[PDB]
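**Q** Each chain, written out:
Protein chains: 6
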Amino acid sequence: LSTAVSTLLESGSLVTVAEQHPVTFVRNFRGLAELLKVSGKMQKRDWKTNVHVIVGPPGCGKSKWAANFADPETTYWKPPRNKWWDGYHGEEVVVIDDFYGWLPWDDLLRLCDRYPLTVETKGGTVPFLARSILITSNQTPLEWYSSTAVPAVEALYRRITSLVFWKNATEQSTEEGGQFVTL
Amino acid sequence: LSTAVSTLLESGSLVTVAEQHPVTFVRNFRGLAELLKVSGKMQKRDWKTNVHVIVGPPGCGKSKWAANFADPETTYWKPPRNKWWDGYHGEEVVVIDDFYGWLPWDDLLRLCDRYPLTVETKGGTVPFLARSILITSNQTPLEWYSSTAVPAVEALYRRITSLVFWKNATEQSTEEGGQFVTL
Amino acid sequence: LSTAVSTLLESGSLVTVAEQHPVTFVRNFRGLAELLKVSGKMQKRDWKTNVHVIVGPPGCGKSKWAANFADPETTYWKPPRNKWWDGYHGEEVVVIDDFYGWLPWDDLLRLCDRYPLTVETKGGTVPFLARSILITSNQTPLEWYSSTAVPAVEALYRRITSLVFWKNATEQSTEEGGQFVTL
Amino acid sequence: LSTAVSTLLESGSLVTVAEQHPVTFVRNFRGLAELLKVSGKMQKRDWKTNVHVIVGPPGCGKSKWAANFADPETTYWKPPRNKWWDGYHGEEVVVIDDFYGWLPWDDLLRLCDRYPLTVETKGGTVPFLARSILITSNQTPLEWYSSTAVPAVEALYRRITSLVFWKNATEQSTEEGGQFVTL
Amino acid sequence: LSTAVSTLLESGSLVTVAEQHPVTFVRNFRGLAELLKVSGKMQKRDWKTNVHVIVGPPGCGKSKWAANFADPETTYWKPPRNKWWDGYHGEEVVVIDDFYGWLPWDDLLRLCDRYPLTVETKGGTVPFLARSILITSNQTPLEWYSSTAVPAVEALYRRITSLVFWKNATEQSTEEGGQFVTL
Amino acid sequence: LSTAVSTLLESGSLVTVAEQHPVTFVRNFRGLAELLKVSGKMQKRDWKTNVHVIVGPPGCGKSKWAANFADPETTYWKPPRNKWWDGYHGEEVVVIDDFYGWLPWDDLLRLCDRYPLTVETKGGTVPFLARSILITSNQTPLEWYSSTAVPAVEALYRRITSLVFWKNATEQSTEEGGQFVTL
DNA sequence: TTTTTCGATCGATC
DNA sequence: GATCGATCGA
Ligand SMILES: Nc1ncnc2c1ncn2[C@@H]1O[C@H](COP(=O)(O)OP(=O)(O)O)[C@@H](O)[C@H]1O
Ligand SMILES: Nc1ncnc2c1ncn2[C@@H]1O[C@H](COP(=O)(O)OP(=O)(O)O)[C@@H](O)[C@H]1O
Ligand SMILES: Nc1ncnc2c1ncn2[C@@H]1O[C@H](COP(=O)(O)OP(=O)(O)O)[C@@H](O)[C@H]1O
Ligand SMILES: Nc1ncnc2c1ncn2[C@@H]1O[C@H](COP(=O)(O)OP(=O)(O)O)[C@@H](O)[C@H]1O
Ligand SMILES: [Mg+2]
Ligand SMILES: [Mg+2]
Ligand SMILES: [Mg+2]
Ligand SMILES: [Mg+2]
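Residue numbers (PDB author numbering), protein chains in the order written: chain D, 119 to 301; chain E, 119 to 301; chain F, 119 to 301; chain C, 119 to 301; chain B, 119 to 301; chain A, 119 to 301.
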């Protein structure tokens, strides 16, 4: 057990213990969770999460690019139209699928921001630790939200790291700066 | 329970652990759930779901062919008019019966894609891993939703793998699929 | 101990497990319940549920007849005018009393079919396994809905098994069914 | 454990026990928290939680200053919009970030008082012990709550300690409550 | 633990057990509390609970009079805005602070009576026994509740034992009951 | 513990196990209750439970008489606006006080019926062995449950044992006859 | 168990 | 004026 406590308290979250000594995590699982939350070393997020938007008409292999962006061991495909992040437990790359505007504006800002955040799950809370949010969508970011119900739409475009677009060509071409508002 | 952990991390289904090991699942039943949920290795969808729309006027055995699709056991029946996939627990056949369009259009566009998804249950979420969604109905897929209310709009009529109509009180004739927009 | 699981897998009921081996049921009770709930498939239904409609002028001794169909201890008396079948555990007389057109049309058509359904309580879902539905009403089954709002429109009468009527202060007469639209 | 309980009863803080001998805190973690609740040595608040308010248009570095106010080992970043102080098991700094009024008025009045408070966590209760509440906002404290729908707007202002404001696109300058409705 | 059970049987207070033998109280705390509940030697209430009401404009110093009143160690500052009394576990100042009616009417009548009452926590129920309640407000009690939406509002004023006011920027001059309404 | 089950499964549970075997009940307290509930030996009831209903404006000693009815040792007070019957681990006066209609009507009837019942507490279920329910109110007993919201108002009337109104501010008088819809 | 989640009320838009 | 959606409270 002190081995499990070593691998937990020294560094990481419960996932590393689950990968190191499972037989000591099937037992004492609630107490490792409370030790982690009380020790204070529960991993915050102190980095910048890249945000790659993808735009294209339905059928252009949008989601294929997302599923091929990283290994399926480290992709959390967020369920749609919910505020719940259930099952996450840290999964580096987060692909918000086909996102037409079904997330609160300030919450979308805070996912794409660069400072700690704890997202919510059904009956608990899980610390957000993503590193590349792939926002697969259908329209340009200028049609997700309306300027009426938003403080300032620039506050989101400031965070879109890259932006792949689909034009009348079988390839998907990145966007060099902004023809529209700059990112 | 050393064998139980090594068997759980490979098959990734608690039912298999219980069946292959009754005794060590009576104890540590919660811990195995948390180990599965945290370690990863949960069975996620990475295949294509095969939609089989069945359509005809009432009383023609729409449901008869729905439950005919083997087995009578491994067939989740989606609760009507609702959002929650409660109690699903992992099946392979999902028979949405007597459809009108009650599932939101985007959720139906997403049930029939080729990528992981997480459905909602009243108290959590359960991974959705289905291989055929028998959408029994009464109308053709053209009039499930209003012509203007759908914004895509040809993203459902792509993924409809099969189709069966009901002709003039004679038999269920497999629709050839060419007359309508292609499938 | 080990023999508890041996006696559970050959019973299918916890009651005998408690009777024969109580000492190891005072401990480990939570796990036998989970084992039964996870190793035994949920109970579907495949039996046409008889729908005996009771209709007459008000106050004609309808409720007493309803309770007299079967044992009152296994009879539900569904909370009227809402959509929460508060469990009730599966109780296999169902008496919807004073029905006058408030359940949705397709929901009622589904409640009286040969294929499984799952009505929902507040905070969960209960499998619906009814051998008899006793629709006690006030007026004719054709006045429950108008043919404009119902695009079926004669699909209910297939599901009605028989009909019970009260003639001009003679008795609760059992209908022929051959004069009006057939049963 | 026989010594761990001795430390717990006289240190009065579960964090101390969790850091001294984690292994006997992994087991018996409910027990220690319940002994601490019963014995009465659970830590209250009797000091004044000095509240810093930061204002300025987005992207000007409000959040960076908030992460540079204290060590990241202690700053608890409040989860947004959802009134659940989960992940808190103490220590001084609390940075409610990007505030716009998403907290009930009385709770914002009562966090900043000098007297004990217990906040909700997801299935429990955590005592509040902060020493600095850095509220970060884009709007002056006037536009957080409407004057008419508030019993007395002067109550919140009395509890603000410092007010830092961004001016003229060069650098944020501390205010003294002259121009603002003073505190 | 036989000594601990016997020393609980006659004293009937978990506080005493936790004072004498913490170690046993750490390991089995649900057991001792349930044993105390079942044996019937709980602590019912048979005494009128004084309700001192303080009214004044904010900043006049209402709450400092509550914070100094009985003892810093035997006051339970009620968590606001909700019906949970967690962590209370005995005794006898209960100071509902900053009140304006955010507690259910019948429950507020019932807190201020002579007959027993069990109050609700996150995990179970802890018996209520308060020798004096201090209620702090900004309005007079005449407008804590809608005078129309309450059947008989005299039943609250009858329970207040002392209604202490704030005069014209001088002091907290105790008002005399029965003049303006009953007391 | 072997003898514990033998004593448990005779009668009069769990009060007599807790009296006779204090040590073995500190452990296994959830499991003895579960074994007893599973077996058909929860000391059931066949006696029509008495219902005394009191009506009078507040301050007229409604609840005083309820307190002065039986021995306080064997009295339970139902905490209002709360469907949990925690504290029923003794019995047999039940005084639902200060009623305004806050119980589900069918359950209220079920408490006043003759059949055996099992109410649910925080941590399982408890048999409802009541003999006298002193339903104390302040308004006319009819208005508690609206006739539209109830299938039959007279069903509640049938199980009332006795009723008491209040006189012209002097006396408690027993109501005799058919001033309202009698039983 | 609590949480849910569900239901009711209020506000805004057509 | 009615229906649907969103937000808040329990
Ligand atoms: N494992 C796979 N095997 C074969 N083809 C695949 C696989 N994964 C993706 N594809 C192809 O990628 C395409 C994805 O299309 P689809 O997901 O419907 O559109 P979008 O990706 O834009 O949502 C399909 O046409 C399919 O042929
Ligand atoms: N480690 C770092 N190295 C260089 N620049 C940094 C570092 N951390 C933060 N910054 C800068 O500080 C700024 C903080 O931005 P942000 O937190 O969005 O401001 P606010 O939250 O107030 O809108 C970023 O623009 C970034 O360039
Ligand atoms: N350090 C201090 N110096 C001077 N006055 C103080 C200090 N701390 C608190 N007070 C005074 O104590 C009183 C009570 O504080 P508080 O309870 O927060 O206000 P309220 O009575 O409105 O709830 C206030 O009037 C405040 O002016
Ligand atoms: N020891 C006592 N001394 C004086 N009066 C008492 C005592 N015990 C009970 N009472 C009286 O009993 C009455 C209870 O009535 P009330 O509080 O109106 O009941 P409820 O609030 O439940 O309707 C009070 O008026 C109170 O004066
Ligand atoms: Mg897609
Ligand atoms: Mg910020
Ligand atoms: Mg105060
Ligand atoms: Mg009363």
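To be clear, the hints were calculated from the coordinates, so they are not data collected in a lab.
Don't take every hint at face value.
Same chains, same names: a pair is fine if it fits in one copy or spans any two.
[Claimed, not checked] Straight-line distance between alpha carbons at most 20 Å, and here's what the computed PhoX-like set of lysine-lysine pairs gives: (1) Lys201 / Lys182; (2) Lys240 / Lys182; (3) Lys196 / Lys285; (4) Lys196 / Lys155; (5) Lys285 / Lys159; (6) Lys166 / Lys182; (7) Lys162 / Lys182; (8) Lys196 / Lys159; (9) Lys166 / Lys155; (10) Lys182 / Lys155; (11) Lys240 / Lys155; (12) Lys201 / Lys240; (13) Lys285 / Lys166; (14) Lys285 / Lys240; (15) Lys285 / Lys155.
**Q** Each of the hints needs a verdict: does it hold here or not?
**A** Checked hints:
1. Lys201 / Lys182: So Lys201 and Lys182 fail the 20 Å test inside a copy (23 Å) and across (26 Å) alike.
2. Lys240 / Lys182: For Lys240 and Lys182, neither the intra-copy (29 Å) nor the inter-copy (30 Å) Cα distance is at most 20 Å.
3. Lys196 / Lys285: neither (27 Å within a copy, 39 Å between copies)
4. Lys196 / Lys155: between (22 Å within a copy, 15 Å between copies)
5. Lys285 / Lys159: neither (46 Å within a copy, 37 Å between copies)
6. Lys166 / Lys182: So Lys166 and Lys182 pass the 20 Å test across copies only (12 Å; inside, 25 Å).
7. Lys162 / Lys182: So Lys162 and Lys182 pass the 20 Å test across copies only (15 Å; inside, 30 Å).
8. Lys196 / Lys159: between (25 Å within a copy, 16 Å between copies)
9. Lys166 / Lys155: This pair counts as neither: shortest intra-copy Cα distance 22 Å, inter-copy 26 Å.
10. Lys182 / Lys155: neither (36 Å within a copy, 24 Å between copies)
11. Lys240 / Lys155: Close inside one copy (15 Å) and across copies (12 Å); limit 20 Å.
12. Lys201 / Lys240: Classified as both; 9 Å inside a copy, 14 Å across copies.
13. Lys285 / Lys166: Neither, since 29 Å and 26 Å both go past 20 Å.
14. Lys285 / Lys240: neither (40 Å within a copy, 42 Å between copies)
15. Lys285 / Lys155: The answer is neither: 46 Å in one copy and 39 Å across copies each exceed 20 Å.
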